[PDB]
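In the block that follows, a single chain appears as structure tokens, in the form deposited in one PDB entry.
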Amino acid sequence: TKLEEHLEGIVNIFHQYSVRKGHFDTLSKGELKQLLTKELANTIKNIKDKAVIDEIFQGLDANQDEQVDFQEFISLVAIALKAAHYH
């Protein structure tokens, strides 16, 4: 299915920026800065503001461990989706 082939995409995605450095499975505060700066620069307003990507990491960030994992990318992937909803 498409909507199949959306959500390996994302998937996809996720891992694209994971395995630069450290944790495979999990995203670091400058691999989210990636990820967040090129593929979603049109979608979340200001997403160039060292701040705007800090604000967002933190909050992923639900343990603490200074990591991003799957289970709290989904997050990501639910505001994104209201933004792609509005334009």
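We call the rigid core the largest set of C-alpha positions that still match within 1.5 Å between the two forms. Positions refer to the first chain, counted from 1. First, how it differs from the form deposited in another entry.
Core-superposed comparison between these two forms: the Cα of residue 40 travels less than 2 Å.
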The other form holds:
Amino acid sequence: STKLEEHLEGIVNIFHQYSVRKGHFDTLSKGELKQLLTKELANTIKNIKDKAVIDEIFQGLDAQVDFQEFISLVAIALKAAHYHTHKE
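Coords for the form deposited in another entry, given the form deposited in one PDB entry:
Nothing else is written out below except the one chain.
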């Protein structure tokens, strides 16, 4: 795998680390997802100064989740990560 592809695989690996733990191996409960995000994106979250974006990440977690839904969250975290790399 390329460097880019190692990153994609690693993201998939982290998902699976959480998703394997209970029930079906490829999905996670909203509760488990909330825990994954709060731990694995702790620094990302701390650096987001727009509370509406944080709201975007956690939205609906109190209302199973699959990899496709997890991608949508990864996409948000990626936008945030890029913006932060340009912090003066």
